[PDB]
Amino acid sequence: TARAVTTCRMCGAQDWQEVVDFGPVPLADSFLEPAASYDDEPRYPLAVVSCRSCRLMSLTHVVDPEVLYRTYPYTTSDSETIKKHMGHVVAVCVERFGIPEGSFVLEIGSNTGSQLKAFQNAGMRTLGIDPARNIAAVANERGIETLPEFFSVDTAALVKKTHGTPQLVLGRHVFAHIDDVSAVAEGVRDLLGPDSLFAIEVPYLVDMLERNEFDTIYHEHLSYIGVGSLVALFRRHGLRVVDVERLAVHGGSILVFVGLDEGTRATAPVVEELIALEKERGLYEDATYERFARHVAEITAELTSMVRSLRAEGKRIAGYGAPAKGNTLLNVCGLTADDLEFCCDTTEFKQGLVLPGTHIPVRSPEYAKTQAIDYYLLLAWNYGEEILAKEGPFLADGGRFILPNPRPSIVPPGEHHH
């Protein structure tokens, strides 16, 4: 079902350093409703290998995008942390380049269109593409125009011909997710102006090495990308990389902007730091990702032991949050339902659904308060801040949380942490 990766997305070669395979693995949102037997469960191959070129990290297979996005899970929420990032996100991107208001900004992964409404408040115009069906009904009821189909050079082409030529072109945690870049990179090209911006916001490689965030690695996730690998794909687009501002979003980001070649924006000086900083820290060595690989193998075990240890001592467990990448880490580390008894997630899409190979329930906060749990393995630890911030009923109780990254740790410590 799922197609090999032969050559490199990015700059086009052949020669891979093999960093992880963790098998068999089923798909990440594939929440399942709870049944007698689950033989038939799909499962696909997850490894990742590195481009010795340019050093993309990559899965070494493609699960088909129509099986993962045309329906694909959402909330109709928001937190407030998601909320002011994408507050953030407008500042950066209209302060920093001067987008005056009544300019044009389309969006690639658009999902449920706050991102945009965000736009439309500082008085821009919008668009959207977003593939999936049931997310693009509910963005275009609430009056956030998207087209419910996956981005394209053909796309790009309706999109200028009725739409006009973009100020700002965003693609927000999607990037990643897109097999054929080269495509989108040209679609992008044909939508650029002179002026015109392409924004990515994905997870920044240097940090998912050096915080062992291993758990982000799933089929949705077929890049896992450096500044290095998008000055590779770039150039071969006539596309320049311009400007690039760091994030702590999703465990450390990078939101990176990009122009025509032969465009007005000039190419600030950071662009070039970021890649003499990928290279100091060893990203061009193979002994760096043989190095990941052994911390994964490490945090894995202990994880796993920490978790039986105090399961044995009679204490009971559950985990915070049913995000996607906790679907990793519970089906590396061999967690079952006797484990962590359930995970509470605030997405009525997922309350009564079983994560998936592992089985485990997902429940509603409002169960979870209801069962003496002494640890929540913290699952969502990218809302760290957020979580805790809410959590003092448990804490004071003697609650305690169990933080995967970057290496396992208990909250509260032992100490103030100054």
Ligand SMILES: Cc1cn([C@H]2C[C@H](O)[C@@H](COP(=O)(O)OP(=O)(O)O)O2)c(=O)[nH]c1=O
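Residue numbers count along the first chain shown, from 1. C-alpha atoms forming the largest set that superposes within 1.5 Å between two forms make up the rigid core. Compared with the form deposited with this ligand bound:
- Only one of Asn134, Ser77, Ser305, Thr155 has its C-alpha shifted by 2 Å or more between the two forms once the core is superposed, and that residue is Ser77.
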Given for the second form:
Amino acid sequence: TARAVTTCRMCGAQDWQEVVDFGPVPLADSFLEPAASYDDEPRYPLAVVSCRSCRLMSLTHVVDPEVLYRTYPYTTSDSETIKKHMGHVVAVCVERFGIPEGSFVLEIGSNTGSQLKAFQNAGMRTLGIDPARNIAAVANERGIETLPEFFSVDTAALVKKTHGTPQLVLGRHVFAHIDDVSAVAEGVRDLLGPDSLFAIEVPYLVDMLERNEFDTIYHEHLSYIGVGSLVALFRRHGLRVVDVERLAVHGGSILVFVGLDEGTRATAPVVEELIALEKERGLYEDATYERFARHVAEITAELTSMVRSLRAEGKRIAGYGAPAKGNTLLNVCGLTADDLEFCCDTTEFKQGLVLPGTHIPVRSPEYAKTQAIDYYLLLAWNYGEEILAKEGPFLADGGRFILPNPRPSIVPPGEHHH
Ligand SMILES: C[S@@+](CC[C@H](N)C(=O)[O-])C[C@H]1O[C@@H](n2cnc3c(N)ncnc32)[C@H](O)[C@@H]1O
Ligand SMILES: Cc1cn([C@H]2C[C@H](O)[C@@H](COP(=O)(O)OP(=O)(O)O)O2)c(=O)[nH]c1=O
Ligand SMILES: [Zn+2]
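For comparison with the form deposited without this ligand, provide the form deposited with this ligand bound.
Below is the entire complex, every chain and molecule, led by the chain shown above.
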């Protein structure tokens, strides 16, 4: 079973309001071999709570990281969107903070090592840390040195001893996946020199609330983060938030730079600005999260009836992409193989498998192109621009997409938008 949250990860208080509860839900990245039955499929409570002190949003429970990540088989996206964004991460880190060539960049949750590869092409020394054994072996094979472990205070000390002081420590979409964020902050503090930086990229709570991105709630995602809660945490570990960049990726994200409290790096005014913006948009008030809650109920209900209505008219519907978040979407909406006949997905490992809970089949794009699908529910909506850009033939044939946020809508729209 999953361990229950007592006190807050960031600020250490214990005072939260309930925001939404989806009950027991199977793990979003636990895809299944098809056929037979699925009686023993594990399910865990999926509910979110908001800490009234620092306003970290968090799941009620913490599924064991060993279970989640040790055989995590899914590689970093090889999409043009992510290739470009990884190049941008390098650019921002190097150019904004003046990291010279030959500097050392450590990455937490480095996966297959593609982000590090880009840092190596910019002339940097690198090292990865990722517990997915399979994936770490691929990175190591490719020539990108990766320790096959979770990040910790002791692994941090092993890195310092063997590899030295990093000019940059990077964690992309991994900081929200770690329960003991205090230990990370400690390992980081020990690692950083006077002008070293700790940069983390996470989905921005402001964007999640405003665009009603409830499908981004899943067990892997323990935290849902704003700038406020991070300052609260780093205060308690001799670390200080020095800069933030808002990004379009993954439905609205923040790339947060953190340095030693008593180090070289000055705090930029942007940090205060975003903290003021968070207050100004109701993040410290109960109503905001009750409003989120009904938006979810509204979107969930109108998404299912929209799907079931179209099916009743004799239209065929499939899912486009089989991302982790799509499995929250379809489980919460209670959709099944009768509603979506398959989900197409470019991930070879996923092809031939079946989705968690809903048990919808996952098929290949080459198969999908042989089927007369009228609507695709766009589950990988964070890649909307890239996806729509290569689906001209489908759209030209009168095919349509259903987007789940900010509100359910049909692409193409009825008129040209300027
Ligand atoms: C969703 S992925 C992020 C992959 C990559 N950073 C990206 O942005 O595409 C989460 C990755 O972090 C790894 N991970 C999870 N918990 C970790 C921890 N405590 N320390 C280091 N890596 C971790 C997982 O094995 C997985 O490869
Ligand atoms: C960009 C793109 C992604 N996909 C799929 C590949 C991935 O399995 C999924 C995107 O998942 P992603 O959001 O990158 O991560 P996660 O594995 O946590 O969901 O969508 C397509 O099928 N076609 C596409 O054009
Ligand atoms: Zn808190």
